[PDB]
Amino acid sequence: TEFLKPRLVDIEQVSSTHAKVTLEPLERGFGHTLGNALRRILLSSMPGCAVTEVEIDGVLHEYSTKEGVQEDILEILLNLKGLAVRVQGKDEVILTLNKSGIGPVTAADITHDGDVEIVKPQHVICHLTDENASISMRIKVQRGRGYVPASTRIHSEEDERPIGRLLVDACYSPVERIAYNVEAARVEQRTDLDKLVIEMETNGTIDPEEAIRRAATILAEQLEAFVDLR
Amino acid sequence: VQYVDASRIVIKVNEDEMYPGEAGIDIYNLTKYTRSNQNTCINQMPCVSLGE
Amino acid sequence: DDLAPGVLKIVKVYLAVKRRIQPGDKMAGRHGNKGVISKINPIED
Numbered sequence: 001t002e003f004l005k006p007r008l009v010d011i012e013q014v015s016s017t018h019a020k021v022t023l024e025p026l027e028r029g030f031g032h033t034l035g036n037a038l039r040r041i042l043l044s045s046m047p048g049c050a051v052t053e054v055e056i057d058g059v060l061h062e063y064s065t066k067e068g069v070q071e072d073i074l075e076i077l078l079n080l081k082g083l084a085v086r087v088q089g090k091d092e093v094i095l096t097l098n099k100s101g102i103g104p105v106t107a108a109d110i111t112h113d114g115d116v117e118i119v120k121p122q123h124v125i126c127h128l129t130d131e132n133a134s135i136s137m138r139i140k141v142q143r144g145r146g147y148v149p150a151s152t153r154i155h156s157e158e159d160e161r162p163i164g165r166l167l168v169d170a171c172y173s174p175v176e177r178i179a180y181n182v183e184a185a186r187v188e189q190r191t192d193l194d195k196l197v198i199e200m201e202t203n204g205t206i207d208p209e210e211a212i213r214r215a216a217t218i219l220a221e222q223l224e225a226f227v228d229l230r
Numbered sequence: 001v002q003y004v005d006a007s008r009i010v011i012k013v014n015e016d017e018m019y020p021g022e023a024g025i026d027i028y029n030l031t032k033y034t035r036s037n038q039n040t041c042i043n044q045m046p047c048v049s050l051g052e
Numbered sequence: 001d002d003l004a005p006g007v008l009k010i011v012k013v014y015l016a017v018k019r020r021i022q023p024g025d026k027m028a029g030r031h032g033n034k035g036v037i038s039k040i041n042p043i044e045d
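Chains as they are written, first to last, in the numbering used here: chain A, 1 to 230; chain B, 1 to 52; chain C, 1 to 45.
No lab work stands behind these hints, which were simulated from the structure alone. Hints are supplied without guarantee of correctness; some may be wrong.
Computed list of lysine to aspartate or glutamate pairs in EDC-like fashion (alpha-carbon distance at most 20 Å, straight line) [said to hold, decoys possible]: (1) B/12 / A/130; (2) A/140 / A/55; (3) C/18 / A/62; (4) B/32 / A/176; (5) C/18 / A/75; (6) A/81 / A/55; (7) C/12 / C/1; (8) A/20 / A/130; (9) C/18 / A/210; (10) B/32 / A/67.
Part of the chain A face toward chain C, derived, beta carbon under 8 Å [unchecked claim]: (11) 40; (12) 60; (13) 63; (14) 64; (15) 66.
Even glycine gets a Cβ: it sits at the ideal position worked out from N, Cα and C.
Chain A with its partners taken away, still in its complex shape:
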């Protein structure tokens, strides 16, 4: 047993979303194993917050239309499904968006609380054209993983909610694209070692070293069933 252990040596941020990360040093042959395992876990099982229930005033169903806006209500629900939120303390928050006047409705117009952070201040939602038009929606942001859709969440929901709350599908995973590369490591005495260059592309809400730490804990606690029991 002449093995070693890797560390996160350099974490460069190319932008706020697209960001690479190294891993050093890996043993011979381990590079594609850890890279593919961290790819599968980091694409399947990461926790991220997303829009779940949207509550617009004076709008019954989602296939209607509204006074003073461009996008229709299905377009508004799609543009809200693309939203990227980052809460800290709670696991279920309610935001508020109120705006009148002619012009587009950015995501930066939501009257934020203290522990919610909207990381895309140019995300467009509506295009208010009438100056006498108003829009007051109340969003609900849960936190989970995977993909849970409206059909399954049509009876799963236990907390008897009132009628009038539009149900938006939940795209919870904040990782969208991940690639790993097994280079040749620059070790001063070893030539048979390699580095793993994971190139993540996030939703802006997840911190990459935190994501890698959580995926590593998921893999270790899954392998403990092999380690302890037989």
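Model the placement of chains B and C on the given structure of chain A, informed by the hints.
This is chains B and C only, laid out in the frame that chain A set:
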């Protein structure tokens, strides 16, 4: 364009194409979510902005 | 209200199902390549 549009596209007409009487601005009716003959959804959405 | 005679109670209700895509639907290109979508894989695989 005037673009009330929630209900209808309202187009102000340039003077060369515009009749002397009947001052006139064209108000297009958008057919929103309704039944087709094959139970699909025929729906019209405006692809022009305001003042364009 | 305005309609013909004979028929008395005339209530028409318009549902709108939203069908997504699922194992068993039929997709096709423009060239004659028919297909019944078999497995809806995860993103990772």
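Hints, one by one, checked against the model:
1. B/12 / A/130: Distance ~17 Å between residue 12 of chain B and residue 130 of chain A Cα, so the pair holds.
2. A/140 / A/55: Holds: residue 140 of chain A and residue 55 of chain A sit about 8 Å apart, inside 20 Å.
3. C/18 / A/62: 11 Å, holds
4. B/32 / A/176: 34 Å, violated
5. C/18 / A/75: 15 Å, holds
6. A/81 / A/55: Roughly 13 Å separates the two Cα atoms, so the pair holds.
7. C/12 / C/1: Distance ~14 Å between residue 12 of chain C and residue 1 of chain C Cα, so the pair holds.
8. A/20 / A/130: 45 Å, violated
9. C/18 / A/210: With a Cα-Cα distance of about 38 Å, the restraint between residue 18 of chain C and residue 210 of chain A is violated, given a limit of 20 Å.
10. B/32 / A/67: 14 Å, holds
11. 40: 5 Å, holds
12. 60: 13 Å, violated
13. 63: The hint holds - residue 63 of chain A has a Cβ within 8 Å of chain C, the shortest such distance being about 6 Å.
14. 64: 11 Å, violated
15. 66: 17 Å, violated
The structure shown violates the earlier hints numbered 4, 8, 9, 12, 14, 15.
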